[PDB]
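What follows is each chain in one-letter form.
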Amino acid sequence: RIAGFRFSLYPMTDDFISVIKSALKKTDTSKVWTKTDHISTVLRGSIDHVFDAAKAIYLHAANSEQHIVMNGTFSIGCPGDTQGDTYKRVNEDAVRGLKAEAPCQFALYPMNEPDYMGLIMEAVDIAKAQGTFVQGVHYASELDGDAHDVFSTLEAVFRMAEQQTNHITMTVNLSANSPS
Amino acid sequence: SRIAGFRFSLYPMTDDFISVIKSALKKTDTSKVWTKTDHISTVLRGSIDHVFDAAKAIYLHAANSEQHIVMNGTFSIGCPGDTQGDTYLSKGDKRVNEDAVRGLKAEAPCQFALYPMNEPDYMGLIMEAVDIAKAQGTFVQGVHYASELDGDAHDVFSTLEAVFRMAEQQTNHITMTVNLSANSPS
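Listed in order, the protein sequences are those of chains B and A. Mapping of the first sequence onto the deposited numbering: residues 9 to 95, 101 to 193, in sequence order. Counting in the deposited numbering, the second sequence runs from 8 upward without gaps.
Since the hints were derived computationally from the structure, they do not count as laboratory data. Check before you lean on any hint, since a few could be wrong.
Using C-beta positions, here's what the derived DEER-type ranges look like [said to hold, decoys possible]:
(1) B:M130 to A:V137: 23 to 29 Å
(2) B:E105 to A:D23: 34 to 40 Å
(3) A:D23 to B:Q91: 41 to 47 Å
(4) A:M134 to B:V150: 28 to 34 Å
One side only, chain B facing chain A, incomplete, derived with CB under 8 Å [what the hints assert, rightly or not]:
(5) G12
(6) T81
(7) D93
(8) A120
(9) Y129
(10) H151
(11) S188
(12) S193
We put the CB at the ideal spot given by N, CA and C, even for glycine.
Sequences and hints are given; from them, build the entire structure.
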C-alpha cells in the first residue's frame with residue numbers, strides 16, 4: 009500500500025525556475041522516492057513521508073514571499089500499483110517554525126466506492142471539526158488557515174477515506190501569497 | 008439536466024500574470040457558459056460542447072501570449088445532487104470560439120486522470136481512454152497516477168473530450184483532471 013503525490017509548483021514570477029529549485033532543495037526528500045518530468049513531480053513513500061515532503065515544499069516555496077501555487081493529486085491503492093518506485102517526519106523539525114496561509118480547494122475521489130458521497134460528506138465534517146473548512150463550491154471543498162492546519166486536515170481526510178476504500182485520490186490546490 | 012463543468016486555474020510563470028490571465032479570458036467568448044471566478048480558480052458550466060470549446064480557446068489564447076503558462080483543472084459531470092442552476096444551455100448553438108481559434112496553434116503536452124465514480128469497471132474505462140488517445144495519435148505514455156498526451160492543443164483537447172464523452176456515456180458521475188503546459192522552457 010504505497011501513497012503518492014504527483015504535484016507541480018507554480019511560481020507567478022519571472023524567476024520561477026529559481027523559486028522552484030530552492031524549495032525542493034530546502035526539503036529533505038530523503039524519505040520519499042522522487043521523479044520529475046516536464047509537466048510534474050511525483051513523490052512516493054508512506055502517507056507520513058509523502059504528506060511530510062508535501063507540506064515542507066509548500067512551506068519553503070511560500071516563505072519566498074512569491075505568489076506560488078501547489079497543485080497535485082494524492083493517490084493510494086491504485087489497482088496494480090507497481091510494487092516499486094517507493095521508499101519519522103524528517104522535515105517536521107526544519108519546518109516547525111515556518112508559517113504560511115494556505116487557502117485551498119480540494120476534491121476527494123474514493124474509487125469503486127458506492128458510498129463515496131458519504132465519505133466526502135464525512136471529509137467536510139472533518140474539516141469543520143478542525144476548523145479549516147470554509148465552504149463548498151462547485152466540484153470542490155474550500156479550506157483556509159495556516160499551512161500547518163490545512164495540511165493536517167488534508168491528511169486527516171485522506172486517511173479517513175484511505176481506511177474505508179482501497180483506491181482513493183484527492184486533488185489539492187493551495188495558493189501561497191495570493192495578490193488579492 | 009446533465010450539465011458539464013470545468014474548474015481550472017491559469018498559471019503564467021511571469022511577473023505579468025494578472026494581465027496574461029485577464030487577456031486569455033477576455034479574448035475568449037464565454038457567452039455559451041456560466042462562469043464564476045474566485046481567488047483560486049475559475050469554473051465553467053454548460054454543455055460538454057460549449058465547455059470544451061471555451062477551455063480550448065482559453066488555453067490557445069493564453070499560449071499565444073508566448074509566455075510559459077499552465078492550465079490545470081478538473082472536468083466534471085453527473086455529480087449526485089448537482090444543482091440545475093449556474094449554467095447556460097442552448098443545444099442549438101454552435102461552438103462560439105471555433106473560428107476565432109481555428110487558425111491558432113499551441114503545443115499541449117498534457118497529463119490527465121479519469122475518475123469514473125461508483126464504477127466497478129473504472130480501470131477498464133481508463134484503458135479505453137488510453138486506446139482513444141492512441142487512435143488519435145496523441146498518446147505518449149503512462150506515468151504514476153496519470154496518462155500523458157502530446158501534440159497541438161486542437162488534437163489534445165479533441166482527445167480529452169473524446170475520453171470524457173466515452174466515460175460520461177457509461178457512468179453517471181465522472182471527473183477528469185488535466186495538466187497542460189504551454190511554452191515550457193524545456
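Output the numbers, in ascending order, of every earlier hint that fails for this structure.
-> none
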